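Colleague: Each chain, written out:
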Amino acid sequence: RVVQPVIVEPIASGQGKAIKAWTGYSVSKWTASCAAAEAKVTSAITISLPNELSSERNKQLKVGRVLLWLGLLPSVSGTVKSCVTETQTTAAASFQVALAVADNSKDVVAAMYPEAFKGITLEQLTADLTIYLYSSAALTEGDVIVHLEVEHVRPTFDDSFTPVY
Amino acid sequence: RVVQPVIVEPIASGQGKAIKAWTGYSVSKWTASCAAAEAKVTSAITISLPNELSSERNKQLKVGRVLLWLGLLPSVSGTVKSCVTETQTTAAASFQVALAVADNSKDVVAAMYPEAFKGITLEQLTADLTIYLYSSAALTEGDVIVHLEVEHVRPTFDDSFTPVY
Amino acid sequence: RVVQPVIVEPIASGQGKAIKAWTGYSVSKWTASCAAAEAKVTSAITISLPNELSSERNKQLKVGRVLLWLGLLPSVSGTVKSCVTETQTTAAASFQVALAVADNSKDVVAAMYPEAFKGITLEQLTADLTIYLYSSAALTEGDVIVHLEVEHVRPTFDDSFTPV
Amino acid sequence: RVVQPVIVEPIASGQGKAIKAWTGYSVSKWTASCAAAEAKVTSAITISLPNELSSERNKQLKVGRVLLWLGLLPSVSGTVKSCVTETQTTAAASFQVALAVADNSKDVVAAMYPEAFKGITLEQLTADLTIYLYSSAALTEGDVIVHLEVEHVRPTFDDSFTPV
Amino acid sequence: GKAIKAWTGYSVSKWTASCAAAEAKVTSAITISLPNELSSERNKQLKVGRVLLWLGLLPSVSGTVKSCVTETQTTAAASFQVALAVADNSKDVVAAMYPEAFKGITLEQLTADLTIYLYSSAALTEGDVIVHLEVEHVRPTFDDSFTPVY
Amino acid sequence: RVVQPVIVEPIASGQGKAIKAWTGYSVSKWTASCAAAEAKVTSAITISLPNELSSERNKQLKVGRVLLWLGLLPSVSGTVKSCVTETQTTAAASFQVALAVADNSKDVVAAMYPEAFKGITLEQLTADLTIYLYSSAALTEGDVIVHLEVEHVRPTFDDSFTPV
Amino acid sequence: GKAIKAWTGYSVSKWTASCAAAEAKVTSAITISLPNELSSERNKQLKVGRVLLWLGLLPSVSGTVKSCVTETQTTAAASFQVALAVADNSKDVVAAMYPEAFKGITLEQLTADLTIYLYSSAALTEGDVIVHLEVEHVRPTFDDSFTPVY
Numbered sequence: 007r008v009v010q011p012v013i014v015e016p017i018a019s020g021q022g023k024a025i026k027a028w029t030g031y032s033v034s035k036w037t038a039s040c041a042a043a044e045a046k047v048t049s050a051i052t053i054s055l056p057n058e059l060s061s062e063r064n065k066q067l068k069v070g071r072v073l074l075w076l077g078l079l080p081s082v083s084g085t086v087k088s089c090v091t092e093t094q095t096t097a098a099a100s101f102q103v104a105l106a107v108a109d110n111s112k113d114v115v116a117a118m119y120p121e122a123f124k125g126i127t128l129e130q131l132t133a134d135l136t137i138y139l140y141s142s143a144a145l146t147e148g149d150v151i152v153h154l155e156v157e158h159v160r161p162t163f164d165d166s167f168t169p170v171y
Numbered sequence: 007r008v009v010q011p012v013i014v015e016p017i018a019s020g021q022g023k024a025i026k027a028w029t030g031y032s033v034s035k036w037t038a039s040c041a042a043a044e045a046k047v048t049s050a051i052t053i054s055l056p057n058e059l060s061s062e063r064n065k066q067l068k069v070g071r072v073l074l075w076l077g078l079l080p081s082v083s084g085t086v087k088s089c090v091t092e093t094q095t096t097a098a099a100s101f102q103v104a105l106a107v108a109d110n111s112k113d114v115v116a117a118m119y120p121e122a123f124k125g126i127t128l129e130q131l132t133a134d135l136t137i138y139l140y141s142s143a144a145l146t147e148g149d150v151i152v153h154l155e156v157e158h159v160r161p162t163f164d165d166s167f168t169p170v171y
Numbered sequence: 165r166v167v168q169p170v171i172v173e174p175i176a177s178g179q180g181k182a183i184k185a186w187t188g189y190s191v192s193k194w195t196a197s198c199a200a201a202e203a204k205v206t207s208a209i210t211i212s213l214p215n216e217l218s219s220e221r222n223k224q225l226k227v228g229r230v231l232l233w234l235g236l237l238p239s240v241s242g243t244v245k246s247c248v249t250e251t252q253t254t255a256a257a258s259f260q261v262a263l264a265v266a267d268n269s270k271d272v273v274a275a276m277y278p279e280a281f282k283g284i285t286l287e288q289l290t291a292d293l294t295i296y297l298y299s300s301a302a303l304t305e306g307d308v309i310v311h312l313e314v315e316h317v318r319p320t321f322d323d324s325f326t327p328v
Numbered sequence: 165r166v167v168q169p170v171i172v173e174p175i176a177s178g179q180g181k182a183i184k185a186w187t188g189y190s191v192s193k194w195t196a197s198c199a200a201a202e203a204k205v206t207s208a209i210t211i212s213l214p215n216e217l218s219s220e221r222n223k224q225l226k227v228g229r230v231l232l233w234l235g236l237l238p239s240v241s242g243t244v245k246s247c248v249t250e251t252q253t254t255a256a257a258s259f260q261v262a263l264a265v266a267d268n269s270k271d272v273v274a275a276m277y278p279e280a281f282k283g284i285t286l287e288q289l290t291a292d293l294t295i296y297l298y299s300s301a302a303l304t305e306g307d308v309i310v311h312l313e314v315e316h317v318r319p320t321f322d323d324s325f326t327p328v
Numbered sequence: 005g006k007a008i009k010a011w012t013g014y015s016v017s018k019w020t021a022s023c024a025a026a027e028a029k030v031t032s033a034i035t036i037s038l039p040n041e042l043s044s045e046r047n048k049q050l051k052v053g054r055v056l057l058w059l060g061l062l063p064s065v066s067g068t069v070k071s072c073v074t075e076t077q078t079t080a081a082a083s084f085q086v087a088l089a090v091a092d093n094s095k096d097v098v099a100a101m102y103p104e105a106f107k108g109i110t111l112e113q114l115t116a117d118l119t120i121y122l123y124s125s126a127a128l129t130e131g132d133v134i135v136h137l138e139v140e141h142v143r144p145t146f147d148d149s150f151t152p153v154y
Numbered sequence: 165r166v167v168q169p170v171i172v173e174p175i176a177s178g179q180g181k182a183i184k185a186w187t188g189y190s191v192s193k194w195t196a197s198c199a200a201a202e203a204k205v206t207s208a209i210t211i212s213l214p215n216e217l218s219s220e221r222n223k224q225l226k227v228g229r230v231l232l233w234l235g236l237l238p239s240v241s242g243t244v245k246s247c248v249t250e251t252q253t254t255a256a257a258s259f260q261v262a263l264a265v266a267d268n269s270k271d272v273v274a275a276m277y278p279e280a281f282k283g284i285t286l287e288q289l290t291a292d293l294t295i296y297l298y299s300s301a302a303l304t305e306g307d308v309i310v311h312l313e314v315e316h317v318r319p320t321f322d323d324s325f326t327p328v
Numbered sequence: 005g006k007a008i009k010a011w012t013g014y015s016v017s018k019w020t021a022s023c024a025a026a027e028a029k030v031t032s033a034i035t036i037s038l039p040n041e042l043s044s045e046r047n048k049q050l051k052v053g054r055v056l057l058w059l060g061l062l063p064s065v066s067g068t069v070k071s072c073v074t075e076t077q078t079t080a081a082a083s084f085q086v087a088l089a090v091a092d093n094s095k096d097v098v099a100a101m102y103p104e105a106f107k108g109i110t111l112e113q114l115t116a117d118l119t120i121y122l123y124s125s126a127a128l129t130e131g132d133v134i135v136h137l138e139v140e141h142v143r144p145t146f147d148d149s150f151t152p153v154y
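Chains as they are written, first to last, in this note's numbering: chain D, 7 to 171; chain H, 7 to 171; chain Y, 165 to 328; chain B, 165 to 328; chain U, 5 to 154; chain W, 165 to 328; chain S, 5 to 154.
Think of the hints as simulated: they come from the structure by calculation, not from any bench.
Be aware that one or more of the hints could be misleading.
Straight line, CA to CA, 35 Å or less: simulated DSBU-like cross-link-like pairs of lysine-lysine [as the list claims (entries may be wrong)]: (1) U:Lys-48 <-> H:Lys-124; (2) U:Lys-48 <-> U:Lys-107; (3) S:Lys-9 <-> U:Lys-18.
The following block holds chain D by itself, in its conformation from the complex:
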């Protein structure tokens, strides 16, 4: 083949292509504020459904892909790592078996799970999975906000009013 000249166009933060939800799915996005932690400790963060997903009908919605990313205070230093895995007996061990890890030392600070949790219900997601957060430096409560974006079947129960009788 003949050499092809290319020009790599720089893009700004936020310009990345957004991953579109599957047909019939929507992406629910919510946050967890980290707890205070000593240096080099890995903390478990429970996954709790937002109120709009906690109803009897909505708890059963099947999960698709899952995205995890971190919101750090601008002054946070050191290494911050986070992942979603099946609940561990030892919190630190989560990073040894996670299929993706959000690590602030990387160019892209985000962990995508396109297959690992597909097909479970939202309730199962809360019961079986845990978020793990590691910091090389001690964390004050709220230093890190964990953003969890969970793709799931679109709820249908709210496509109509409650019958008036």
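Could you slot chains H, Y, B, U, W and S onto chain D? The hints should help.
Modeller: Chains H, Y, B, U, W and S alone, transformed into the frame defined by chain D:
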């Protein structure tokens, strides 16, 4: 015309036909718990958006039809009336100008507003409208739960993940 | 005809079908606040045009149908009745000649006058008709708001600015 | 449309049309006997699967629609209300969030839940939902029988004998 | 000699405000309040077209009288420096026409964001000046039918 | 597919492709000069409309996409970060919820907000959003110029002279 | 009653200048400064069409106030003798429209070659008069896109 014989089939509570949201709309349903009130007092209840609708994008979604109904403790006695109207200077006066009133002395305890608030944004709904609740008997806090069902344009911002960059 | 089973679907307050104005007509809606009155007294309420209809031109517009309904404070008890009639010498006698009465003891507290006043002008409506309000219990001022909805030929005076 | 005269034919108790289960579904019907309760108390009644649905396999069957109705002793007086809701911290609060209430003051003492619980399994029905029963007068045990009819995917575990 | 016709699908609502008492050379703020027929939540969303302000003075009112419609000001007298038109009784045509300034805002926004300002070189007794406001706006649809009786 | 050799052609500062406004939109560009701040402090910078957009009519124009980038004095050292978010109770928390951050440690010191603020008016942009600026080292006033480029519906109020 | 529409491919930029303090009967020079959105080298080359000057006075300003746009003068008061239009508060229409005088010059040339002149028979306090300048010019193309991020 020749007389037509008909049989009126009784239906149970809950069997009423559900009003389907308009194409491109969904129905958000949330509750307000009444405050304590003396007998025959009309109380104003602020309309506050649920967390899932409070974002910058979602606050702008246009309203369609609005439904109001009441959840009373089984032991609540006397007359209970509620309505949604433009915010009043005198709370009791709301019932004099409301286009619909949910009244527990009626066979159907519900107030539907198919036209009165169509086209405003959710933020406008919270800023301009108020729920009014009247009881002939004194109310303890939580005696009445006001159910507000607000049809509005389906949010689109959650049809994709946040770009990872 | 064979028997036809039916289900009567419940409907809520506010779900009733709106009556559409005739082509070339519009519905002007305004309110009158009741005066204080003793128990079982019938009070006369003057019909006054809202500002936008009180001009020389607009008060010539012809009336179609007229709707009356009542807004009660939630604490109002007893029987409240209202009607629109030609002005009476004895206020209570209005109810003996009214063709429709708004009565709070009914499921629909409203009175429709589809023919009685058809063809008169808004000025004639204000000059020849009166609203009558009866309460079994004493009324405090503003206890009852009378809603009058008058269908009339759509104004054309409002289709232009005042010349300057 | 020209006026259509109709005759409303009286129908007796028991003549109402039965709601047919969806294709591939069946309706399982069982009862719960109310516990003694003081006047104006709301009691929680656990939803327990009948023996034939309590196996590991059958408790996975998906729910469709749910019907609640009440069987009262003929001497029971006062107001009796019942509903099915997600389990409540305060029993009386169930009626504030129920989408349907069976109420003996109505002509039809029954509550239908056509959507609220659709898709959950029978095990989830037993684990997440509760029956709530309110009486204005004191209840003696067994005064009220709560009839629960749960539509669910037709069992296939019952299509064969236990292997031997 | 010829009235300015409203745009197709629009109509002109005309109402008045009676001036408050004011000392000489004071600029007074006058709130814009919708008439009753426009005060429903639905009618409050009707889009504005053109706006006309003109003044009705008692024939004995002397001195200079000026008025304008502008976005609400921190200093009332400063309205006349930014107003896109001023009704001024010393001119041949005592009126302020705003064909563009407010096009597209809702009646609610008109009432919330704009203020009428009125200046008089001499003291004003209450009701000496009637401010006339004519607001062209989308024709209401909510009042093309009676209120549902149920 | 057979291996495809490529040559990555170097490009200079300023050679990047410009993002074209949507049809019927235009990009308004203005600056805010940073305030003095201590090391590691996050400062809130109010978003104020330029004079030509501050009229009653123009502040109703709907927003499209928003671009943020930073102009640093050549001597500015340390880490400087900035973002646009909904107004925060704690300024430093903006970076935990921002969908994009302009960061001088990157090759491209800019943040694009293609969806977050789509559909709001310019007035709502000024009233609900805030610019947040963080520096690891102390900032002297004017050390950093924040460039905000807001895509919005093309004004039509500017298509005519003021009537006279 | 009807606004003058800009030519196809043109738009009207409108900005203001706050008058300086001035003694009675002095003519003051006011520099024409482009707004920020027009100050880029590219936007400075946009061709001018028509120009409008009008005045916003505090309602209590008395006496005669005049203003014009002309090529910069050695004697400020002499501007009014050669101005092709003068905004004069004693007239019915207080504005100066220049449909031809500056057609085709660039915005840069407008700022460099022309001056606003303001005369008042009485002393002016700073900000008593706001001069409004509306310059029709070719629509900018440079701001139809975001700045390249690299």
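Colleague: Does each hint hold? Answer for all of them.
Modeller: Going down the list of hints, with the structure as the test:
1. U:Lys-48 <-> H:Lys-124: Distance of about 12 Å is within 35 Å: holds.
2. U:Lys-48 <-> U:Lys-107: At roughly 15 Å apart (the allowed maximum being 35 Å), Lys-107 of chain U and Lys-48 of chain U satisfy the hint.
3. S:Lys-9 <-> U:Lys-18: Roughly 27 Å separates the two Cα atoms, so the pair holds.
Against the hints set out earlier in the document, no violation occurs for any number.
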